[PDB]
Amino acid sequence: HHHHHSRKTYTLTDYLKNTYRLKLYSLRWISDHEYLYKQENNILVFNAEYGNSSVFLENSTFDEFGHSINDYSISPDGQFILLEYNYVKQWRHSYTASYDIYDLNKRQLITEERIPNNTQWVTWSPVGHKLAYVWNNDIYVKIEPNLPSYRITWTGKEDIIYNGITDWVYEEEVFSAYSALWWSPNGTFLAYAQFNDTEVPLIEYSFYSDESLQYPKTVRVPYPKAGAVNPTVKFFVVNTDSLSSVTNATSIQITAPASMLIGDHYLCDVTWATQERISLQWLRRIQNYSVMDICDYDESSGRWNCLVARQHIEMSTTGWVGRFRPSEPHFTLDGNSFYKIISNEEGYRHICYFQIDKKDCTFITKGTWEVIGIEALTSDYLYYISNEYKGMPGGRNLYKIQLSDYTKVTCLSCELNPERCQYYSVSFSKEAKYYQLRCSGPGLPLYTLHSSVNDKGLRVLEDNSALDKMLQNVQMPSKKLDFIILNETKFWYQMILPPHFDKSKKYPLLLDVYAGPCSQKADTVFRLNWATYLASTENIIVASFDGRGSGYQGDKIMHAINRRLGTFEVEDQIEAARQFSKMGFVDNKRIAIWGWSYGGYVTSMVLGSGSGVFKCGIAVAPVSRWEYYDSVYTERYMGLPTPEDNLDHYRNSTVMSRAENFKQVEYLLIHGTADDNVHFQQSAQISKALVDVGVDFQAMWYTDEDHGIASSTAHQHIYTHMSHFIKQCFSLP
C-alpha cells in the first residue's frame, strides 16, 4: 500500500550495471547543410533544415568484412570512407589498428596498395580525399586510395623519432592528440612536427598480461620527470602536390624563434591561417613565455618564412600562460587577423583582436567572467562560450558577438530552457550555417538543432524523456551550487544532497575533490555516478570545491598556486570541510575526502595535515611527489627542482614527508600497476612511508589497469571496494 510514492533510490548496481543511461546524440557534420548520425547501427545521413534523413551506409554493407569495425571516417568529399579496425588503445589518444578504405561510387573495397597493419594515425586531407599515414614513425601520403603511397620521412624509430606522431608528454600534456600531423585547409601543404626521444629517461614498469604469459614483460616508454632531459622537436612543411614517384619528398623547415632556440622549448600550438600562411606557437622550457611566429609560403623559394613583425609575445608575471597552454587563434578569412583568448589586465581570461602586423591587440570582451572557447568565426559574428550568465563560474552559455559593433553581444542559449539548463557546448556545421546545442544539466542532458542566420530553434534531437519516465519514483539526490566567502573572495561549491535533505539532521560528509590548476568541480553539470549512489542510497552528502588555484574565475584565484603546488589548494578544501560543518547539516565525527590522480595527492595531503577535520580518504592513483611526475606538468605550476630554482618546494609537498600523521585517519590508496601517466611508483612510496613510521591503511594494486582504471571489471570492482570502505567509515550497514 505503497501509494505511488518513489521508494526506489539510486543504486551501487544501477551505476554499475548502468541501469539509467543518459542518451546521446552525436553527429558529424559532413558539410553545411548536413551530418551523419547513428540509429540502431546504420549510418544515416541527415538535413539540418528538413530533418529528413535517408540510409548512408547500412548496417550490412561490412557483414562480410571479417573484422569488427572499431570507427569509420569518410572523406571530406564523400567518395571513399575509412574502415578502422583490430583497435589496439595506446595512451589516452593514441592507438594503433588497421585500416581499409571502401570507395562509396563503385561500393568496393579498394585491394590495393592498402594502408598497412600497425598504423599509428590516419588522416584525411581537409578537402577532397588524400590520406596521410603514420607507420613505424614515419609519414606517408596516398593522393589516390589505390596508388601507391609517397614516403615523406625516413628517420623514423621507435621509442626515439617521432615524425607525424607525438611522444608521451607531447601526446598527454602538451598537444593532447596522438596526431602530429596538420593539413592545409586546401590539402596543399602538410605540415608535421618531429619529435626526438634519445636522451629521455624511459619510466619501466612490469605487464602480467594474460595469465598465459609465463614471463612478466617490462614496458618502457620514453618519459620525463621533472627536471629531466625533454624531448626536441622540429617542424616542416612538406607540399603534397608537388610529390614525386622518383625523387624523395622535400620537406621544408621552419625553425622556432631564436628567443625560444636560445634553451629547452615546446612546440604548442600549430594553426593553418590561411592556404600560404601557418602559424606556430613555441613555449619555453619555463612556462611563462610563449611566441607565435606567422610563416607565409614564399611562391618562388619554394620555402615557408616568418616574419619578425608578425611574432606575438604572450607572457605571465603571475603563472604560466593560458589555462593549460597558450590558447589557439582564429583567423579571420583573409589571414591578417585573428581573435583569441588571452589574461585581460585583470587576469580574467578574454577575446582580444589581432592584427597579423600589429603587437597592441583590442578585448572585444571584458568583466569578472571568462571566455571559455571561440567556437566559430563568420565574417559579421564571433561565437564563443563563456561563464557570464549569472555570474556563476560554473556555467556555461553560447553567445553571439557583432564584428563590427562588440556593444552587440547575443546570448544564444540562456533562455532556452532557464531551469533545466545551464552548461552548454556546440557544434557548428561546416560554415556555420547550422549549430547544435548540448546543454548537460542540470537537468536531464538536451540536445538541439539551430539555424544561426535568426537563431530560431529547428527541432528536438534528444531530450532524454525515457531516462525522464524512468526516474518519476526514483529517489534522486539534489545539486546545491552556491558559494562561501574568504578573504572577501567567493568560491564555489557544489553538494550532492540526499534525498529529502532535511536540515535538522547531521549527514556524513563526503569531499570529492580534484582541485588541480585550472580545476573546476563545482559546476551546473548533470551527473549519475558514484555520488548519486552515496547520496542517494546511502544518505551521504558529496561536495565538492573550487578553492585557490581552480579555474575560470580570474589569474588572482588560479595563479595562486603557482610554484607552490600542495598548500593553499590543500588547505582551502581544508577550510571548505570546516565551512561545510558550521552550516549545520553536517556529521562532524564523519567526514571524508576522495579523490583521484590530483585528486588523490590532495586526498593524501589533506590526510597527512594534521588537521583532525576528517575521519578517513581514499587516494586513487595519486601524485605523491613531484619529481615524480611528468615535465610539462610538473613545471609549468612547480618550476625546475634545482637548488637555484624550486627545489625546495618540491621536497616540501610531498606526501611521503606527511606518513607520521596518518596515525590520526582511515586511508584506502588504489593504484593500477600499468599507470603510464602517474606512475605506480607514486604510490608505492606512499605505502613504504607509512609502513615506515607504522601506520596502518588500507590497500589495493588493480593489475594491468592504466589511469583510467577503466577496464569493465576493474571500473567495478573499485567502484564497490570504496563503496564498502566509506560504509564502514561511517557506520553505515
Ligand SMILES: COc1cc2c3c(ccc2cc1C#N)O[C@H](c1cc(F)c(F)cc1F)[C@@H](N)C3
Second form
2 protein chains.
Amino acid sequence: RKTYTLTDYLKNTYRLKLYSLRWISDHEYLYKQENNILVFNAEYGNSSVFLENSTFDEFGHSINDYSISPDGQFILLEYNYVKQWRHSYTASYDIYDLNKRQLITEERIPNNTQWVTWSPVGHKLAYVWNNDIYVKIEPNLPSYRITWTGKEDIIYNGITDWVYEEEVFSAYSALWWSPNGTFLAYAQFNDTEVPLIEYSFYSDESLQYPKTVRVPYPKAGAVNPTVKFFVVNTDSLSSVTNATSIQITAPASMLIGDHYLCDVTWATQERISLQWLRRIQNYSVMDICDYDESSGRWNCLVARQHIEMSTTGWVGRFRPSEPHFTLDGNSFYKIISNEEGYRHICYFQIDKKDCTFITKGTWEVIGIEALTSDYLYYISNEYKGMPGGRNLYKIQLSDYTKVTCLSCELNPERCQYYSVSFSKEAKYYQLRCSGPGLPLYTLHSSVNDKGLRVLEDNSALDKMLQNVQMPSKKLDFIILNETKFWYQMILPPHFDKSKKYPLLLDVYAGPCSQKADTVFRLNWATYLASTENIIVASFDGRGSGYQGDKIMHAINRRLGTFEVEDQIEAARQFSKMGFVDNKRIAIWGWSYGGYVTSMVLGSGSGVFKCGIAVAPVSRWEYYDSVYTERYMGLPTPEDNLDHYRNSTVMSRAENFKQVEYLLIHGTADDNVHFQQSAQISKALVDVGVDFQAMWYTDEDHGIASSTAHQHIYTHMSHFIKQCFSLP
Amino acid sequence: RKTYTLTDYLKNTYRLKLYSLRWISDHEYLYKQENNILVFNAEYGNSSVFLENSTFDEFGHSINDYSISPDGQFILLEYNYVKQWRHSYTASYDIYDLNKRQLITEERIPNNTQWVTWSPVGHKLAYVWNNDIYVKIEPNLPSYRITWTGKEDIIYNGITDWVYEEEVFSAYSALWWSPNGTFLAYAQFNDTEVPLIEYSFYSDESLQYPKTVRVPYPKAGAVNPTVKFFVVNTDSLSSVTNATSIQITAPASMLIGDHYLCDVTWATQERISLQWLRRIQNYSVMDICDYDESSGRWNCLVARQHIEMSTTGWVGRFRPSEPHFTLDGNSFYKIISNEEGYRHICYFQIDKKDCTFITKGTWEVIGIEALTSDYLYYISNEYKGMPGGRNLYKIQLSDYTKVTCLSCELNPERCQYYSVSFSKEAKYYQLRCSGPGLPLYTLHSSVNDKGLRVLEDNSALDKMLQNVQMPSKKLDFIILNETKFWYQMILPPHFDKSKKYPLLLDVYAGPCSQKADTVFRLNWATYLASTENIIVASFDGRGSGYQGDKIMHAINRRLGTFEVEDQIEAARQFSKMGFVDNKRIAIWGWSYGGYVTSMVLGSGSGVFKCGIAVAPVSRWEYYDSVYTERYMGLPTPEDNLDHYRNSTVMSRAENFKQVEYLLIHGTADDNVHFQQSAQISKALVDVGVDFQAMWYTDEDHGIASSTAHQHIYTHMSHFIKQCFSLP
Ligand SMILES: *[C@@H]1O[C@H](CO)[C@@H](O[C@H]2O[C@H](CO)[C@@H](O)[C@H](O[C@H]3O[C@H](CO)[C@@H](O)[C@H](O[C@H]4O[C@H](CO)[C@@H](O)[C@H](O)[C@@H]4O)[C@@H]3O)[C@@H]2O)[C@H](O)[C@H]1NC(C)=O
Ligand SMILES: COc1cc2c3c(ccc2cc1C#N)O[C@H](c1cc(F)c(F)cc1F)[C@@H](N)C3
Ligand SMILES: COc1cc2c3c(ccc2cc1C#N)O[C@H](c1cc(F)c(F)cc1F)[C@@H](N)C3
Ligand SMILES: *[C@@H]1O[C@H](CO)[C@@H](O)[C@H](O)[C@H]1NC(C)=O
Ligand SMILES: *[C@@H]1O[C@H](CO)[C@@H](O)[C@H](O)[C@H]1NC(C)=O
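Output block for the form solved in complex with this ligand, input the form solved without this ligand:
The next block holds the full complex; its first chain is the one shown before.
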C-alpha cells in the first residue's frame, strides 16, 4: 500500500464527497450534478429537469452563483465576483424569466452591487448599491431608492461595516424581509469617527508605486461605529415623493453608552424581535415590537421586553442566543444557560419574564433546528456523554419527559457528528454525518421519522482508502483539578506503543473552541502521521466550548493564562504516557492558536523544542474591539489594562533563547495586522535571539491562494522534519 | 591559538585608531586627545588648548558636534540631533562666545533646525528652518528672513529633497558663500507633482495604529523635481524691506527639457560657475557668471560656456567633475576623459575653450587636491600600473614633463593607499595611508616636502594582532579578451594550496565600483577566513571603475548584463585554481550587489550552491530616476523599455529552483523599498520555489542599529554554515 503524502493533500488526490441541496417547498429540493440543476421529489422520485448544463452556455461569462425567486418565475444570476473580506464581496447581476425563456434588459441591476435578495414569498427584490438600499417590486420596473445617506467608509445602509461582518452578523448583508415581504427591516452603521488601519498592497509587478489600504477598524479601547434601525413598508412606494423609514430606536438601558445591535428576528407579519448588547458585553436586552395599523409606527411594549445578563462572564457564546417563536408569535423557545452553567432550551412567553426550562442535564444544546405544533427539534452532544459529538433530538411539546434520539443509533460506530437540514415545513429532513466514518448523507420523513433512502455514502473514496496506509484516532479524556478534559490524537499506522514517536501539538484554544471531536478529516495532520510517523494531538482544556460555563468562563478577563498553562500541562501528560519522545515535542497554531503557540514557547516551560506561529495576535490592544473586549473588558486603568500588558508575547522575548521558533504572516492581513508579528520580530531582535520568519506578500489572514497554500505547508513541513531529525 | 571571531567583529574588539584633525589656519589645527580640544602648531609643537575636557558640564544637554568661527571668535553647538535620510538631520543650536566665555541668549537659532553654517570670513551665519533661509550678521542680534516660499515636502530653500540629497550633492546643504563672505547663493527645489512612496512605520509596542510614512520620490520615468538658483548679498540687508534674490537662470541648451544642477563653484569674489546637466545625462554645460556693480544682476557671458559631453556613455564618474580655479579667476583645472577614455587633468582658460591636457597615460587621476602659484597636487592610481592603489603627486605648472611622486616610496611595503588633507594655503598636509598594512598617519611640509613627525602608527593594535591567526590577502589579475581584470582574495591562516576550500563571493559590481584594492580591513570576511576557514573573494569586472571608459561604459544602457556575466566568469576561473571546492561556492551582497547576487542565482549556471541577497533592487522601474536613468536612459518604448523589462529578477524565478536563497529587507527602506523584495518573494511562490526570508522591522537600507547589525550577521553566518556544512 502507499502512504498519505504531502502531495495528496496539496493536489487534493482523495476528495471527500458531499450532498449540497436546496429545499424549495415542504415536498421538494434542488441539486446540480454534472452542472444540471435537477428538481428532486421527497416522497418518491417523480423528479424532473429544472435547468440545463447549457442554456446559459452562450452567456460569454462564468456564472458565479444562482438564485430562484420563491414563487418560481425568475432566476437571479451572479457573476463578476470580486472578493472583499471574509463574507463580503461585490458582483454583477442579471435576471432571467423562466416562463418566457428570456433575460431582462431594462432597469437591470447596476454593476458592483454589494448585495441582492428576494422576498420570501413572490418576487420583489432588495439590493444595495454604493451603500444605499433599492427595491424592485418587479424585475423590469425602475428601482425605488430608499436611502441617501450611504457613503463609502462612513455610512452603510443595509450592509455591515468591517467589524460587524466579522464578529456579529457573519454576513455582509444587513436587511430582513417580513414573512410575506410586506416590510423590509434594515441597519445603519456610522464609522465617521472610527480610525483607519493602513497598509501596503504591492500587486502585479507592473504596478510602480505601492498602494495603501485604509479600512475603518476600531481596535480595543478605540472609537467604535454606531448603529440605527428602521422598518419601511414596501407595499406602498411613491414614484413622486421619497421613502419614509420608521426608526425603532434602542432602549434606554443601551442608549446610555456604546452598545451593539446583535439580533433581528421576525415573529409574525407585524411583529419583530430585537436584541441589543452593551459594549461591556455582560448585559443584553431583547424587544418585541408590534405594528400599529393606526399610526403605522412601531410599539415595543416594555412588558414584553426581555433581559439577559451574565454574572460569570459574557452573554451568549459569541453573542446572545437566537429566539424561535411559535406560529402565533405569542411564545418562544431559545437557548439560555441554566443555573448550573449548562446551555438548555427555555420556553418564554411574549409577556412574562420567567422562562420555563424544557431540558435538563450535564450536556449542552448546540442548536434549535426546527419547530412544529407538537415537536421541537434540536441538536445536542448528549449521546454517551461526549461533548465532541452531535446528534438530533425531538421533544414532545405536550410532555417534556417524552424525548427522542433520531440519529444516535442509526449506525453509531460510523456516525457520531450530525447536522440536519429541513424541508420547508419539517415534513422532511436531510441528515449529514461528518464522522467518524466516511460522511453519510441520507433522507427522512418527519411523520414516520422513517428514512427513505441513502443520498451519498462516499464509496469511490472508500475504495481508494483500502489502498492507503492510514492514521487512527484515539479520542478520550483525562482528569485535572477534578475534571474531564477532552483530547484527540492522530496516530500513525501500525502504531506501536513500544516505540517513542515524536509529537506535534495542533492548538487553537480560543474561547469556546473544540479541537477534540468525532469528525473525519484528511488534513495536514494526516500526512504527518501517515508519512512522517508523527503523532498529531489537540486538547480542549479551560476556555473550551460545549461543556458548561464553569469550563467556558475560566479565562474571562484573563486571556493568555489558563488556556496556555493547560496546553502545557497536557503536553506533560502525553510525555508520561511513554509512547512519546519527551525530546521531540513541537507545537503549532494559526490566529488565536498562533498567539497561544507564541505564549507557550515564551513561557520558559522546558517542554517544547520547535514552535511555528501563523498570523498570530501578539498584543490584544492590536485586535479589534468587539472580539477583544467581550473576553477582556476595556484597556483602561479603571478596568483591565494591566492584564492587557502582562498578556503580551513581546514581554517574553528572552525565553525564546531556549527554543527554535518560526514566524509567518501575510503582508495584507486585514484581520490580524502584520503589525502584530512586526512587533514580535523586533523584540526578539532587540534582545538578540535567532529565529526564522517568512512574510507572504499580499495574502490575508487565510493565506489560502492556492500557491501560497502549497508554499507555507511545504515550508512548515521542512521545519518540522528538520527539528525532529526526519530524513 | 585563537582566531578572529564573529563576536570580535560584532562587539568591535580590535579597534583601529585614526588621527582626524581640522586645519584652522595655514599652520595650526585642532584635535581631541580624550574629551579635550588641543590646537597644534605645525612648524613645531605649540598646543594652545582651544577648549577643555570639562567647560561643558555646565551645559545640561547632551552635546554632539562643534563648529568654530573663521575669525576664531565663536563656536556653534549641536544637540537634539535627530536622524533623517543619509545626510539630512535636525538639531538645536546654542552659541558660546570664546573671548567672553558667555552664551548667546537673546535671539538664538530655533529647535528643529535643518542646516546651519558660518560664512568663510568672520562671524556671519546662515540657517534653514521649515524650509526657509535665515541670515544673522551678528550672533547676538535679530535674524534676517530671506525666503518665504518654503513648505514641508514641496518647497526646499537652501537644502535638498531626497533625490538631490542621495544622488547629486550627497548633502542636505544647498547654500554657497562667496569667498569673502559677501554674497550667498542657494538652490530652491520644487516637488509639487513628484509622486510619493508610502510605507509603514511601527514604532514602539505602545503605538496602537502604525504610521504611514510618505516621501516624495521619483522612480524611473516618473516626474522629477525641477530646480531654481539665486544669489543674494549679505552686507546690504534691510530690516524694513523684504530681502532681494537675483535669479540666475539655466542656459537654453538646458531649459528645453528636464535638467539638473550638478555643481556650484565660486572663482573670485564676484565670479561664480554653475554646472547644469540634462535629464538624459550624456551632456553637461558650465556657466561662468560675473557680477555688474551697476545693474546689481549677474551676467553669464557666453564666450565662457564650457560644454562637456559624452558618447561612449554618461558625463562624469557619477557627475560632472568639479573645477579648481586660478587665484585671479581667469583659468581653471578640471579632470576630463581623454580621446582614449582615460581621466586626466585639463587646463582651461575662461575665454578660449579648448582645454589642454596636463597629464596622460593608461591610468587615472582620482582627484585634484590643491593649487599653488607653483604646482598642482593630485591623487592617482598610476603607481605600478595598479588601480587598486592610490598615491599623491605634484606637477610643475612651468614644466609638465616634471612630476614628482610625494608618497610612492615613503614606505613602500605597508603603504600604497593614500589620501590627503592640506593646510589653508598648502604649507602643510597630513597623509593617510589606509592599507595594505596597518593604517599610518603623518605630517609633511610643502617647501621641503619634509617628513616632520608621525602622528599615529597604530602599534597598539599591532601588538594585539600578533596573538591571532589573521588571514592574508591577494590582489592580482586575470586576463579576459586581452584585458586585465583585478580580483582580491582573503585567505585563511596557514592556507594550504593543495586543499579544497569553500568560497563565498562578496559582490558589489555597480558602475564604477571598486572591490579589488590595497585597503586594510577588519570585517565579516576577516571572521569568515580566520575562524570558519572560507576563502572570501571579490572581483572588479566590466563596469567597475578607475580603469577608464572602455571598461566602465561597457554596461552603458545595459545593467544586469556583463557585470553579472563577469561575476559568474570570475567564480569559474577561481574554482579551476584547484584550492576551491566546486560544490561549496556562495555569493552575497547588499544594495547593488543584492541585485547582482539575485540575477546570478537566477541565471541557472549552477555554479553557485546558495546565496543571500540583502536589500536588493529587483526591478529598475522601482528605483529612483536620477541614478537609474544615468545608466539606463528611459523606460519608454522609444528608449529602453525593452531592457528595463528583460533585466528583472522576477522573470528568473523558475531557476531559483536550483538554489538555496535567503532574502532580507528592512521594512522602512527609504531608498530600495521593501517593495522590491516583496515582488521577488511573490514571484518565487508562484512558481513554487522554497526559500528563506527575513524582514527587519523599522530598519532602513543600512540595518545599522546596534542590535540588528548583530542579528543579520549572525543569521547570515548560520545560513552559510548550513550551506557549506560547517559547525
Ligand atoms: C513649484 O512648481 C509648481 C508647479 O509644478 C508651481 O505652481 C504653479 O503651477 C501650478 C500647477 O501645479 C499651477 O496651478 C499654478 O499656475 C497656474 O494656476 C492656474 C491653474 O490652476 C492658472 O489659472 C494660472 O493661470 C492664470 O494666471 C496666470 C497669471 O498668474 C496667467 O498666465 C494665465 O493666463 C491665467 O490667467 C496659472 O498658470 C502655479 O503657479 C509653484 O508655484 C512652484 N513654486 C515655486 C517655483 O516656488
Ligand atoms: C460572528 O460569530 C462568530 C465569530 C467567530 C470568530 C472566531 C471564531 C469563531 C467565531 C464563531 C462565531 C460564531 N458563531 O475567530 C475569529 C478570530 C479570532 C482571533 F483571535 C483571530 F486572531 C482571528 C480571528 F478571525 C474571530 N474574529 C471571529
Ligand atoms: C552623489 O554622489 C554619489 C552617489 C553614489 C551612489 C552609489 C554609489 C556611489 C556613489 C558615489 C557618489 C559619489 N561621488 O550607489 C548608491 C546606491 C546604488 C544602488 F544600486 C542602490 F540600490 C542603493 C544605493 F544607495 C546610490 N544611491 C548613490
Ligand atoms: C454619522 O456620524 C457622524 C459623526 O461624525 C455625523 O456627523 C453624521 O451626521 C452621522 N450621519 C448620519 C447619522 O446621518
Ligand atoms: C515679505 O513677504 C511676505 C510674503 O510674500 C509677506 O507676508 C510680508 O509682508 C513681507 N514681509 C514684510 C516685513 O513686509
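Residue numbers count along the first chain shown, from 1. Under this definition, the rigid core comprises the largest set of C-alpha atoms superposing within 1.5 Å between the forms.
Of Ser60, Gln39, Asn52, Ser68, which one's CA moves 2 Å or more between these two forms, core aligned? Between the two forms, the residue that moves is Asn52.
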